[PDB]
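First, one chain by itself: the form deposited without the partner chain, in structure tokens.
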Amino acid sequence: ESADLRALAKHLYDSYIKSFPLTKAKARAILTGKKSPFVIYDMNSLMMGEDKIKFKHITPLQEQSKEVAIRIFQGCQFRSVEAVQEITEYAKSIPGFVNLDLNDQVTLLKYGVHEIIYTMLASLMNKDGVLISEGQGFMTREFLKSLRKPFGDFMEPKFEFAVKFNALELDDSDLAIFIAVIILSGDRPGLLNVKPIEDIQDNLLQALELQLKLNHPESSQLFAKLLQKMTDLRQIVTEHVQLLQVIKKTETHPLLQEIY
């Protein structure tokens, strides 16, 4: 069976590499400084970042808000929607996932993408900032935290999580299995056939356990610690939805709003 677990782990890694452009290994090389990314540390930096390197985001569109805080918040949305498709492609590569009731596949993705988005966003963050637009840029943590109204605190919670999550020192091969475990959560509301879902997650967990023991022999109970982080993830997610709610108190296209 150990062979089958290593096969699964390898398969997930390969798929993870193909589905996600910017890996943690790549992101870390850039973050530690081991072509420097454009650093957005203030307002003028931003404006030059958009101009000197048209960030493939919302910035191009007219009739927006031309208000930095609002445009930054919306760029986060554009990228999130983009990430959702990468996550979806990856999910279909998970053994058994496609064979699940189609409604359940949609339910799992619906409730799983936010947890995965923040998990992976941690790979692109350090206590000082976050990598943006395929790593071409680095947006300062301080800059983000200096945004007015409720925008100054929308990213901070992700940073706090990232700092702690990153302490586990997971690599892409570990993350590939962890992400799949998140997707196959049988406790998502509205599921029609929980059994198959838990059966797959059980096999994924077994693979994750072996992966962490072979990959980090020195880290006692790393498996247990990683699973505990699920608590942190869901907290950051619900917390995110709440701010997202309060946002409907600022009033920050129709087809665009439909898309995002």
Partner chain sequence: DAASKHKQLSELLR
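Positions refer to the first chain, counted from 1. Think of the rigid core as the biggest set of C-alphas that the two forms share within 1.5 Å after superposition. What changes on going to the form deposited with the partner chain bound:
- Once both forms are overlaid on the rigid core, the distance between the two CA positions of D42 between the two forms is under 2 angstroms.
- Annotation: Cα of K195 displaced by less than 2 Å between the two forms, core superposition.
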Given for the second form:
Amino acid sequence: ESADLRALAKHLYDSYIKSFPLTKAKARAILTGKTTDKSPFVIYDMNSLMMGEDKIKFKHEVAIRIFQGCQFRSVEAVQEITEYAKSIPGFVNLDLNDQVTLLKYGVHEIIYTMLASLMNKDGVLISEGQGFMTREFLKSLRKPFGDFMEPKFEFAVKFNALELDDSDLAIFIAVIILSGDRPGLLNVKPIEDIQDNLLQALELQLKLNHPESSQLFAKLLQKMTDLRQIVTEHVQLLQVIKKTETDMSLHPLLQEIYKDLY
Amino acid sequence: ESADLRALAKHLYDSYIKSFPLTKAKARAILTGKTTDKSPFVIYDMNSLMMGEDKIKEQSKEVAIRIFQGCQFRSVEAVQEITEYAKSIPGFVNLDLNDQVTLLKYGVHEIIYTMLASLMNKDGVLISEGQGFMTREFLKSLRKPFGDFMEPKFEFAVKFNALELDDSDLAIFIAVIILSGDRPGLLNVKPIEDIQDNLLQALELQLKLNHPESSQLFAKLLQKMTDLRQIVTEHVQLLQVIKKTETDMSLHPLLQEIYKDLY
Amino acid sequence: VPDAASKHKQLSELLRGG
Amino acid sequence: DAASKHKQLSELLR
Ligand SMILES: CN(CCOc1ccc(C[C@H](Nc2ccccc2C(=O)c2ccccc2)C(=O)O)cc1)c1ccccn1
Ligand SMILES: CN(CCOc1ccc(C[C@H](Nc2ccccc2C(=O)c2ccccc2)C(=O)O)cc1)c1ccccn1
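Previous: the form deposited without the partner chain; requested now: the form deposited with the partner chain bound:
So here's everything in the complex, that chain up top.
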């Protein structure tokens, strides 16, 4: 029974590696200068954004540029999370309405989870590890733009304190997607069956990979509610932007995800 | 360590029993007719409400407003009971009083909704210590925006009650809830999290002994904490609609104190 | 005809095939 | 100063 749970873990880790180009292993390698990849460009003020901008591939106010660059990343992250979800056994056999609902509610929680992999207390990697934008600079963006990233840094510093690795994260984000309490699910039961198997694999995974971290499984499940508060607050700030800023349409896919979200 | 975790479970269950007069055991006994208590009076429309105001529990108001005051009254008594319970959680009263206050402030409504689930079913909720049973449909039929308050609590309760927890599980679970290290504004996170890890170990042993053959019950219960947070958030937003549109929507000073600068 | 799949055309498109 | 901003909860506690 332990071998089947470990095969599930290996399957999930392999799909994670195929779906997400920048893993936590490589992000840790950037943040402690251990890679052979060149160092990120450090964006710390208005002038260094323009100085490093040419390494950013994007086709089409500093804060408006940060907003656009972010949106571009979010759309690619949704696509990566959808590929990963597609590799979760049982997921693509569920009623497409439920597949859609689970993506709709889980994608941003996974985005914030994996974003934590790219953060330390002083900033975040951008553009697949090619740049590094400092926390102080994001916090110094004109309101309300300066308020978006700061709660994610708070969460990341606590989440990275759990010292999870890519192999843990693959199962945890699978657990997240297969959440039976998503509003609007038609058949909760097959979902919950898949999630209980994912949960068993996650519990075995954390017990083997992090002995001497008592109750790590429970701490990690508590972070799911942290993620939910983060999503709620992000939505409220998006509505400040949509109500106050001029021409800030979201990409149609992000609009599709947030329409009638909660 | 397994025997002290079981002693902690027993300690928590005894303080729960001393602190909360209406347990899940008695609510289940009422709702399934196994008690010797007389059946609740069933309030399912305006007319049956008027009929059972006549025989059992003249300041006329809006029925929706009377419901509002009744739920506020219960909430204030529940806060007092949850505070009494919280004081018996080992380690709690040695924490910096500011943190004690913060943990109460953020955890009380989550515990209120957890324990509210013990008195609900798909069709309604017990009220007034089991003397009445108010239907979901009736609560849903109060004039807008009053009709929208209970429905998310019924939704959550049907999902939470599917876990078939008992009072002994629930005592440890609400303790886990109180000792949350991620409450905004905590001064010392570490002693909180130290107490909570022991509470979590006691809860895991409790659910494994009390519900073998319920795989991963511990993980499903920890996931319900996020439902609880969304319910609190939405309830606060609806209260703020209510405070903005209605007249004399002034809460009891303790609930005002709790909602002041909550999220 | 009207359900969540229809209200999320782009998510649906991403989810299909592979 | 959390306790001073919550006199009623504080009095319940002490
Ligand atoms: C910080 N960062 C890494 C990506 O971080 C993400 C942070 C958040 C997200 C989620 C995503 N958020 C946005 C969506 C559209 C536009 C802006 C944002 C912001 O988040 C934002 C808004 C205003 C100011 C600052 C940020 C979503 O809700 O869909 C996805 C990714 C950057 C920044 C600039 C360029 C590239 N990489
Ligand atoms: C349905 N019910 C039991 C529910 O008891 C609670 C239901 C909710 C709560 C939480 C508590 N709620 C209130 C507090 C003050 C004022 C109103 C409310 C409501 O929540 C409310 C508002 C409008 C309409 C309906 C409810 C809180 O926020 O602190 C605490 C207890 C009762 C109880 C007694 C009398 C009538 N029926």
